[PDB]
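The chain below stands alone, shown as structure tokens; this is the form described as "open form" in its entry title.
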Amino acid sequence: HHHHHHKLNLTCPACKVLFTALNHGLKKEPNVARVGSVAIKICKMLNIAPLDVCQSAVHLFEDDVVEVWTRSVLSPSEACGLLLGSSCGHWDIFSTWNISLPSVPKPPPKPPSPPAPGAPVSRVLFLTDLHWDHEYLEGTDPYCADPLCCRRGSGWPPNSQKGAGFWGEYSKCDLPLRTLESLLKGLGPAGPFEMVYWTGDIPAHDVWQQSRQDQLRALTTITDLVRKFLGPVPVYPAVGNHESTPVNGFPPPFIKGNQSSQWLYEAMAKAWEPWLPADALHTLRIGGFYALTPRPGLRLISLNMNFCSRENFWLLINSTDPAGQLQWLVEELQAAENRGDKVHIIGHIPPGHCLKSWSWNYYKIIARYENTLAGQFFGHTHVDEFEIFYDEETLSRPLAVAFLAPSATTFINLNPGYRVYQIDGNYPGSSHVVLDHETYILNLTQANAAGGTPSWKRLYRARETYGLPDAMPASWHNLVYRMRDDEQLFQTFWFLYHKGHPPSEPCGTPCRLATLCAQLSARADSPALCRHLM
């Protein structure tokens, strides 16, 4: 219904035909091998790390990345839409998207009330980033050329240098199974616990040679070891980013067949059946997230933060609220608000590391349900730190805080560690909020020492060391700016940051202001949050 006397519509289908031809030529197996076998020769041409890795890294990524480009950019409706305009398609890739909040008016912000005298306190264990390395070996080179050392294939160290420790090593290494058994055995004094939050990243960083059997092997092995030492204590876990292979590869639910992540989510639903109820397992299989009620007046929500990860290449195809998760979260929160319940959110990748649009909608959801939210717990960063949320309009009022627990693994150059949270206990009228938290470590210098002992000691208690009236958002907000001025205090945070094993290089003024900026930045791509630091 368009009027012309010079236009040739020969260019619109010529585009569609031509890209449609590419895809058919890329799927051909004899062509895929051509794109792999050349890659080995290219890693020498681009001055890349050991080529032996390249012969493996590019192999696993190829089939999945290609499919994503054919389904995203080289999709006829997508590419031709970029060149010729709305006439021959639409360019949807990484388009901005929003979420709709319910029509329910937002209640006035009510600060939680301090716990009454004689109010019980519950202890919550927090395991994150275990990263079991089946191929960990003692005495092997910790400074190999591969991305991951201390394992079979990294060879032995030269000049009679000191090999890898028996319990781990300060380097780009992961943990042997024994060191995780030691962690779970020494939970006597740190307990008792009412429940455990377990935010994934079970398999090691040997991403280049991870079959699906090795990923399910790590799943059931550790899930069996954890259930063994926690007994009747329920463990509520979340999906990490090393759980699938290839790493970070989590195709949303709309993708079907062998290439979907059904192989993973359905194996989880079997390993985690003793912990999760029926309705929770349903959504677990589909998209790897779920919600449940661990105790009266509290709602637990486990998000699959892979559907926000830059590293998840499958999100090109459609990066709008993958799996409908944010829409589902809003429904869960809003329902809780009506019930008068509070909510705990657990995930792997902190919201500050997500895609800009995803993170901005999460940030606005938190603010809307500030009164309903009682805790946010995440991991991934392998480090002890936090992220403060502010009001969407002015970015001046702290209204929620997310705790990024440090990792059980040594990757990279850290002490093993775990984290126990003290929360307002199980009783009607409880705020369910975090009251304080404790961090335990395994000083490797001691354990690996001759005749050493594997003793898990408490590194510190949160309020005690930082002198905090409470674990509310306003107290961490104050702490950050306190460290902006007090150098000794920051060096304490810096020391605990790395679980008590700081780097050799001192952290100067530009390194400090950057690290504090991270604590205020729960919204990705938002420099205004650090206007007061620099």
The other form holds:
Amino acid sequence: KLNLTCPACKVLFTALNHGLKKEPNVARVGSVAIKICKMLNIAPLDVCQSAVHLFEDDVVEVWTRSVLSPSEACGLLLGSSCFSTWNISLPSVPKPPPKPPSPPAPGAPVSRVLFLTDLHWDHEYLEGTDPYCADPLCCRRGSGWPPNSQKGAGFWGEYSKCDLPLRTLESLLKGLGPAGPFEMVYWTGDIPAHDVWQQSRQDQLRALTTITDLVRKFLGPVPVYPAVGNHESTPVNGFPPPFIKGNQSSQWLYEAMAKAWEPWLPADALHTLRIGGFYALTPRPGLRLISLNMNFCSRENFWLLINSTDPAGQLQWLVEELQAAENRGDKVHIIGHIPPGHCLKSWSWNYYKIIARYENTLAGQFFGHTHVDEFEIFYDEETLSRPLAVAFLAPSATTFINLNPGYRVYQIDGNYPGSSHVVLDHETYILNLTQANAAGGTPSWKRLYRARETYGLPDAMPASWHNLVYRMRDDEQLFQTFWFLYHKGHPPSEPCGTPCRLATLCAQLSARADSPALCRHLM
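Output the form described as "closed form" in its entry title next; the form described as "open form" in its entry title has already been displayed.
Only one chain is given; partner chains and other molecules are left out.
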């Protein structure tokens, strides 16, 4: 026991964790925290110096606490004095024995799938403004001007906490020629910018109509299959389950999507889309595309306080779609915005259980939301050792934060009977702002890398990505590459030390939220 109250403990972790974000050592930061404790009379210094001694005696205990923040660490140290359970009904049909997808045979075609996510169009982006304003979003009207001649916001964007003007997005679509042709496109939400404090419903629908028409303009007859992001509504993250009716429901948003996305989605899809913002359709024989609204898994969605149990019956709906694909022989692609690893515990554990059951039917999982080049591996529930699926977390088109613009393209097993529809390889394209915003610089999108090439993989199967993680656990050079691509070729100046490495690698193995057992082989 420590004579340390709940708010008191939060002041220390604040002054420490904020300090540990760039300060070289713990000692100097430890002194600041003790001085804070003294100046404000927050607690007895013996207790304060005892807490600093524990918060990070070594980085290991804190390596587990890499996720932990003040409220999260205090609860564990103080106790209870400082989210419901539920699960899904799986059909009684016995699980087919696991068998890997057969590699494509000679002559089997390939298909290219463009993947767009996190475009975050800022209607108010303005060149020359201050990229480091006080607001959560800058490079826009109201952020001010730079101080004493410092460089303002770049023309095509900036490496800061800023989003993109329409110019950079129009430039992205126009230069897709070399990346295609595309059989279809996946678009996992987050269309508006991060100007939350001034997002009316008119603004959000303006971003939907404006970007939808733009995408449709440069893709033309190619179908685009979108998924609902967490910024698409106002207030942000607020997606009430369909049991809420009236002007406070998300119908203003869902009925606007069904109208804007009608060219791409069939009747049955729009039906569910209007109700809960999710749908399922058949884009080609043998394949079933399922678009999930991961806002109903979101931690920021305050609406789930009413009933966080499978909101909208989506997972139960997902199970039915998956089980029907299994009986039919089809394979499944799931698209969403928030990756399952970032979901609420119950929702995530149930999704993890669903993916484990239908491993032979699932051929691809695609998400975004992280804005960086990541991937989440799923393991068998019985032993948590056989990688059986992969969720590719594509990088954002926007710069938010301190990143290069970029999109993703997937090579999948082609459109033919018996195909596995699995991802065979993928590529990432970027816009190099340092060259585009420079005097005389012109937009030129280039292929950053191809996965199988840089990583030397035999394929894009779960076992290969599983083997790529532990190769990076022991190969500092192979991880730096991944770390370089992680940020779309614009890493932070802060090198990723051995605690950062294992933390990043632990994210690659944690497709289930709150499961430390998934990273037991990292130290």
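Numbering follows the first chain given and starts at 1. We call the rigid core whatever largest set of C-alpha positions still superposes within 1.5 Å between the two forms.
**Student:** To test your reading of the superposition: with the rigid core aligned, which of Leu468, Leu489, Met472, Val66 moves its Cα by 2 angstroms or more between these two forms?
**Tutor:** The one that shifts is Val66.
**Student:** When the rigid core is used for the superposition, does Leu82 move between these two forms (threshold: C-alpha shift of 2 Å or more)?
**Tutor:** Yes.
**Student:** For a quick test of reading the superposition: does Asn47 move by 2 Å or more at the CA between these two forms, rigid core aligned?
**Tutor:** Yes; that C-alpha moves by at least 2 Å between these two forms.
**Student:** Could you tell me whether the Cα atom of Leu513 shifts by at least 2 Å between these two forms after core superposition?
**Tutor:** No: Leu513 shifts by under 2 Å between these two forms.
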